[PDB]
Amino acid sequence: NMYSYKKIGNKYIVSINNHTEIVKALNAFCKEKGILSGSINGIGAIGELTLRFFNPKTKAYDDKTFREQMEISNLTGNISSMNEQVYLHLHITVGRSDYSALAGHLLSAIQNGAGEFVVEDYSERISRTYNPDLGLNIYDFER
Amino acid sequence: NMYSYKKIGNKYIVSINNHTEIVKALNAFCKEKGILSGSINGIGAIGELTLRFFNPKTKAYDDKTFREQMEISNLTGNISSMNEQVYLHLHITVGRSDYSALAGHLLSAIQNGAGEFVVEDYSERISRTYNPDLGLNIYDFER
Amino acid sequence: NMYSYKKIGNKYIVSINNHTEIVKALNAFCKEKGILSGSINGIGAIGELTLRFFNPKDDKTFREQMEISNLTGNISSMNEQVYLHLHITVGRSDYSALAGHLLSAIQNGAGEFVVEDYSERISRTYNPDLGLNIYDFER
Ligand SMILES: [Fe+3]
Ligand code: NI
Ligand code: NI
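Taken in sequence, the protein lines are chains A, B and C.
Numbers in the UniProt record's numbering are just positions in the first sequence, counted from 1, shifted up by 42.
Numbers in the UniProt record's numbering are just positions in the second sequence, counted from 1, shifted up by 42.
Positions 43 to 99, 104 to 185 (the UniProt record's numbering) are the ones given, in order, by the third sequence.
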């Protein structure tokens, strides 16, 4: 049990449990509800954050972990699939204790407070295809 | 008078009056329209901002007020009810004149320019319960 | 060609082509689809960003790799012409965030946006006291 939720039409209001890794939980939620595609938005507070910064020129990537209290001012992302497997693409903006903002591609975050997310289910297959030139999985609406 | 609006299906486009405190206005809007739960998202510009940072370890909190021109790059939040009243939980990301970003839990903001918000009405009850161990008002899908 | 898309009910999932200017692409999408009003939200990666800061009483271009943590905006019209009001928050290679009014941005990676079509005319009126185009729901 990583969350509780309420279904309202095509949306789920998801309350993630405290001290839970949010990305793991959102993936679990989408797998347990069989969500094909959709959006994820929300807010909350965290005690750990890992962001990834990808360099398209060299293909190097940097994963930075912050270990401090932060407020999620916005988590924005989408749901799709690859080979029928849930694929989340989530970005995030957070505020530190001095109100300065950090932002980027979200890999993980550990809740420390509330975690209030809206998951909209589009009920529609949306797939991605790996682009070997970019090293990225890009939307592919015709597959 | 604090705002003008347009109803479009399950949403309202809300244009807050200039020089008006946005949180007060959004509360008043939701109250006027009897919105039990929903979401709020938008953008605009402000001349004053108050954010709160809560320390879960000591239960200290601080409220910081900025008195300068800022752009709201994103205001994100949700609507629910608590103690017979509208309950708004809003976070925000703002840009300063040097384009640096601040982020956090929004208490108030005074518009100075435009204020353009989308309010979705879920037409369903979502309440909250204060968790005395955390010191936070947490979604309660049962009450 | 600046994008590909998928229509899902009242929404469009828009994938902007790499190396494209996103504001121009989004404007082009809204004109092609005849969108009267709506919302735009999404994420992606960019190599150039121009932000504007309006003094009610300045533009700056950043030339570096950035992640768009959020792009938030709306669609309306003035004199039947598509009007996009877009703000943005980005992360730099040191993870610090920049935020503001979006003039333009060049994609360098993915560009994944959800465009909701409201199917309703929403206009604006120039307010000369402010120097801004403000929503006018009665016109
Ligand atoms: Fe603006
Ligand atoms: Ni909060
Ligand atoms: Ni290329």
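Source of the hints: derived by calculation from the structure; they are not laboratory data.
Backbone N, C-alpha and C define an ideal beta-carbon position, used for all residues, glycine too.
Honestly, I wouldn't trust all of these hints.
[As the list claims (entries may be wrong)] Residues from chain C shown here face chain A by an in silico Cβ test under 10 angstroms; the list is partial:
(1) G86
(2) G89
(3) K99
(4) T107
(5) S123
(6) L144
(7) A156
(8) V160
[Unchecked claim] Below, in silico cross-link-like pairs of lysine to any residue (SDA-like), each with a Cα-Cα straight-line distance of 20 angstroms or less:
(9) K49/A - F183/B
(10) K101/B - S123/A
(11) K53/B - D163/C
(12) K49/B - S165/C
(13) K53/B - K99/C
(14) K48/A - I77/A
(15) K75/B - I50/A
(16) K53/C - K73/A
(17) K106/A - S139/C
(18) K53/C - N52/B
(19) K75/B - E110/B
(20) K99/C - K101/B
(21) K48/A - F108/B
(22) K53/A - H131/C
(23) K99/C - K49/B
(24) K99/C - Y129/B
(25) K99/C - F108/B
(26) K73/A - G51/A
(27) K53/B - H131/C
(28) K75/C - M44/C
Now for the hints, and whether the structure bears them out:
1. Annotation: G86/C was flagged as interfacial toward chain A, and the flag holds, the nearest CB pair being 9 angstroms apart, inside 10 angstroms.
2. For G89/C, the suggested interface contact is upheld, since its CB lies about 8 angstroms from the closest CB of chain A, less than 10 angstroms.
3. Checking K99/C against chain A: minimum C-beta separation of about 24 angstroms lies over 10 angstroms; hint violated.
4. Given the 10 angstroms rule on beta carbons, the hint for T107/C is violated: about 18 angstroms separates it from the nearest Cβ of chain A.
5. Look at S123/C: its Cβ only gets to about 25 angstroms from chain A, farther than 10 angstroms, so that hint breaks.
6. Evaluation of the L144/C hint against chain A yields a held restraint, the C-beta minimum of about 8 angstroms falling below 10 angstroms.
7. For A156/C, the interface hint holds, the least distance from its beta-carbon to any beta-carbon of chain A being 6 angstroms, beneath 10 angstroms.
8. Interface hint status for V160/C: upheld, as the beta-carbon distance to the closest one in chain A is roughly 6 angstroms, under 10 angstroms.
9. Using a Cα cut-off of 20 angstroms, the hinted pair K49/A and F183/B holds, with the two alpha carbons roughly 10 angstroms apart.
10. For the given pair, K101/B sits about 41 angstroms from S123/A by alpha-carbon distance, which is inconsistent with the 20 angstroms threshold.
11. Taken as a hint, the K53/B and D163/C pair is honoured in the structure, with Cα atoms around 12 angstroms apart against an allowance of 20 angstroms.
12. Distance check on the hinted pair: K49/B and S165/C sit about 12 angstroms apart at the alpha-carbon level, within 20 angstroms; holds.
13. For the given pair, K53/B sits about 34 angstroms from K99/C by alpha-carbon distance, which is inconsistent with the 20 angstroms threshold.
14. Among the hinted pairs, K48/A with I77/A is consistent with the structure: their alpha-carbon atoms are about 15 angstroms apart, no more than 20 angstroms.
15. This hinted pair checks out: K75/B and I50/A have alpha carbons roughly 19 angstroms apart, not beyond 20 angstroms.
16. For the hint linking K53/C to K73/A, the alpha-carbon distance of about 23 angstroms lies beyond 20 angstroms, and the restraint is violated.
17. Between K106/A and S139/C the CA atoms are separated by roughly 10 angstroms; this keeps the pair inside 20 angstroms, and the hint holds.
18. For the hint linking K53/C to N52/B, the alpha-carbon distance of about 14 angstroms falls within 20 angstroms, and the restraint holds.
19. Of the supplied pair hints, the one linking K75/B and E110/B is violated, its CA atoms being roughly 32 angstroms apart against a limit of 20 angstroms.
20. Taken as a hint, the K99/C and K101/B pair is broken in the structure, with Cα atoms around 40 angstroms apart against an allowance of 20 angstroms.
21. For the hint linking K48/A to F108/B, the alpha-carbon distance of about 36 angstroms lies beyond 20 angstroms, and the restraint is violated.
22. Only pairs whose Cα atoms come within 20 angstroms are accepted, and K53/A paired with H131/C is rejected, the gap being roughly 26 angstroms.
23. A hinted pair counts as satisfied when its Cα atoms are at most 20 angstroms apart, and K99/C with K49/B does not qualify at roughly 33 angstroms.
24. This hinted pair does not check out: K99/C and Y129/B have alpha carbons roughly 35 angstroms apart, beyond 20 angstroms.
25. For the suggested pair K99/C and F108/B, the alpha carbons sit about 18 angstroms apart, so the restraint of at most 20 angstroms is met.
26. At most 20 angstroms may separate the alpha-carbon atoms for a hinted pair to count; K73/A and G51/A meet this at roughly 18 angstroms.
27. As the CA atoms of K53/B and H131/C are separated by approximately 18 angstroms, the hinted pair is consistent with the 20 angstroms bound.
28. Distance restraint check for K75/C and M44/C: the Cα-Cα separation of roughly 14 angstroms lies within the 20 angstroms cut-off, and the hinted pair is therefore satisfied.
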